[PDB]
Structure formats: structure tokens, C-alpha cells
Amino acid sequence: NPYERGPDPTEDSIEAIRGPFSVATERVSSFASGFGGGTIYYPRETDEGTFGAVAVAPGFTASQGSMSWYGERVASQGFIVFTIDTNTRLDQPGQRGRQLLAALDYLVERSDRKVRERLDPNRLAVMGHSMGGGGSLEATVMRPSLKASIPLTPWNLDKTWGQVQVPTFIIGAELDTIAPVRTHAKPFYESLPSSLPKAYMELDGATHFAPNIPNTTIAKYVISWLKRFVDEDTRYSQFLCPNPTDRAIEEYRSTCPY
């Protein structure tokens, strides 16, 4: 597999705060007109080849909604990670879908050579929080060529996602009152085709902003999902299938084995 990067993984390596790659950053004032800016995190080491990328959207203007902590922690595992600033307000999940794709298109078409020369533009993913998570779903319908989608405590009034063709990992928060798993995350998950590689992980005792605080249970499976699908890296299948049983997990659902 020519997309494999980094040492063979372990339970410890996917839980690591700091992965095997060193990380540099590129600040972007505006990645698309009207859509605001963000921070690009990327692996510095180039001897293993280029990397896939994930755009990461918030769902609030409040600092509580920041997605910054995903940046170094995921990039250091071998990804270009574009965290989208909270400043620009978006009130619809579809807009978040468009914003996610605009951030990816910046990486592919407009980025500085330090980023462009490290990027495989064929291997892109989306991830987002709240309406940004609804946006992750939206983006996969807008662009079926995406390799992976991770809706975090997602919010969307549209409950049907049977046309999604992108491997999708939904993370829910048991006690969430803003995007309750009963009416958002779980219906979204169950509507995804049984033929799609998909998973649902619910965090025991967690509330809506759980994804905005460093969380090892979130990180280890976000990393594993991106590895398995952005890099086609079956070294990471072991962590995804059969269903994880981490103590922090209230429930896990999947279409394992993939």
C-alpha cells in the first residue's frame, strides 16, 4: 500500500498526544472568499511521500467551539489538517458543507508550495462539530469522491443520508441537549446504507462540547478512521473492527468487518 505512512501502530500509538511526525503550521487569512480563514497543520518529514488531508469545521462562533486541538494531534499521525476558524458565523449545515469543501479546495488549488508539495489532492476528508458535523454529512453528498467523513455531535434538520457513499464515522454525546443523539446522530447513522463502511460511537456521560476538549477516545478512533480510509491503511483495521469496547464508550455500532 503506497499510502502507508509511519511506524506500524499500537494501542499506545493511536492514543499518543504527539504522533511520529513533526508538525509545521501555515496560517491562512482567507481560504475562500466570504468563508474566513484557518490554520493548516502538516507533517514536516517528506521522505515517506505525500499525505492526505482533512478539513475540520466548528459549529459556533464561541471559543468553546474551537477545533484547534485536532490540528497537531492528528497531523502528527501523518495528515494535513486544516482547522477552520470559529470567527465566521454560519447558520446552516449545508453552508458548513460548502465551507469544508472550500477549505479542501484551497489546499488543492491555492495553498503555498510548502503545503501543496506535501499533499495528495486525491485523498481528502471532512470532519466537523455540531452544524459543522451536519456539514460533514452535507459535504459527502456534495462531493462523493471524499475518502472519509467524521460528523462530531452532528446537527442537521435533514435526517436521511442514504445516498452517502463516503465512509462515515459519527461520534455522539450521550447527554447532548443541543444535538440529541436520539434525533440527530443515531437517525443519521441508521439512515446510512448498511452497505457503507460506517460506525457510530457514543461517549458515556458526554455533553455537546465534548468534541472541543482533548479526548483520547475521540482522538484514537478519529486517527484510526482517517488512516483506514484516507490512506486505505488496513494496519488500522484492528482498532475499528470488531467494535471497540473502551470504558468511555456508551455504545458502538458498525458495519464491521470492512
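For clarity, a rigid core is taken as the largest C-alpha set superposing within 1.5 Å between two forms. Only residues modelled in both forms are compared. Numbering follows the first chain given and starts at 1. What changes on going to the form deposited in another entry:
- Looking at CA displacements between these two forms with the core superposed, a shift of 2 Å or more is confined, among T86, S76, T140, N156, to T86.
- Core-superposed comparison between these two forms: the CA of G65 exceeds or equals a 2 Å shift.
- A displacement of less than 2 angstroms separates the C-alpha positions of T216 between these two forms, with the rigid core held in common.
- Annotation: Cα of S191 displaced by less than 2 Å between these two forms, core superposition.
- When the two forms are fitted on their rigid core, the residues between these two forms that move as runs of three or more, each C-alpha shifted by 2 Å or more, fall in 30-35, 60-65, 85-88.
Target state, the form deposited in another entry; input state, the form deposited in one PDB entry:
Nothing else is written out below except the one chain.
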């Protein structure tokens, strides 16, 4: 597998705050067409080859600051990470899905050459918090060629996602009162096809804002999910299959094995 990057993982390496790659950033102006700009995090070393990318959307009334900590933590594992702002803070999930796609198109078509020369434009993923998690879902129905989708405590009025054909990893917060897992996260998960590579992880005790705070349980499995499906890196299957059972996890569902 020529998409493999970094040394073989271990239980400890997927929990590391700082991965094997050193990280740099490129700021993207608010004036970009199709989304509210953002920050591109990328691996600095080029000697292992190019990397896939993930665009990351904030939630309703939130800004890219709520999603900042994913930038270095994930990019240092060998990914290009793009934490974006939305056109307005009040944009709905659908718009966020569109804007996630414009952010990835920007990476591919117009980003600085330091980014573009490190990029594999065919290996792309979406991730989002809350309404941005809804956006992550929306994005995959808009662009089925995406490699992965990670909706974080997602929020969406549309509860059926039977048409999704992108490997989807949904993360819920047990006590989430803004996007209750019973009417968002779990209906979304159980609606994805049983034949789709997919997963639900519910964080014990967590509230809606758990994804905005550095969380080793979130990070380790977000990284595994992106490695396994953006890189097709089966070295990371061990952490995804069978169901992880960390003390921090209230519940986990999956269609293992992939």
C-alpha cells in the first residue's frame, strides 16, 4: 500500500498529542469563494510522499476556533487538515456541506503551492461539529467520491442517510442536549446502510462541546478512521475492529469488519 505514512502504529502512538510529522500552516483569506476561509495544517516532511486531506467544519454560531485543536493533532499523523470558517455563523447543515466541498476544491485548485505539492487530490474527507457534522453527512451525498466522513455530535433535520456511500464515523455525546443522540447521532447511524463501512461512538458523560476540547478518545479513533479510509491503511484496522471498548466510551456500534 503506497499511501502508508508514519511508522507502524501502537496503542500509544494513536493517543499521542503530537504525531511523527512536524506541522506547518497556511492561512486562507475570508475572501475565498464558497466558504469563509480558514487554516490549512500540513505535514512538513515530503520524503514519504503526498497526503490525503480532510476539511473540518464548525457548528452553528461557532467559528474555526472551536475546531482548532484537530489541526496539529491530526496533521502530525500525516494528513492535510483544513479547519474552515463558514460564510456566516448561521448557515444550515446543507450549506456547510457545500462549503466543505468548496474548501476541498480550494485545496485542490487554488491553495498555496506548498500545500498543493503535498496533496493527493483524490483522497479527501470531511469532518464537522454539530451542524457541521450534519454538513459532513450532506457533503457525502453531494460528493460520493469522498473517502471518509466524521460527523461529530452531528445536528441535522433530515434523519435518513440511506444514500450515503462514504465510510462514516459518527461520534455522540451521551448528555448532549443541543443535538441529542436519540434524535440525531443514533438515527443517523442506524439509517446509514448496514453494508456501509461505519461506526458510532458515544462518549460517556460528555456534553455537546466535548468535540471542541482536546479529547484523546476522540482523537485516537478519528486518526484511525482517517488512516483506514483516506489512506486505506489496514495497520489501523486493529483499533477500529472489533468495537473499541475504552472506559470513556458509553456505547459503540459498527459494521466491522471492513
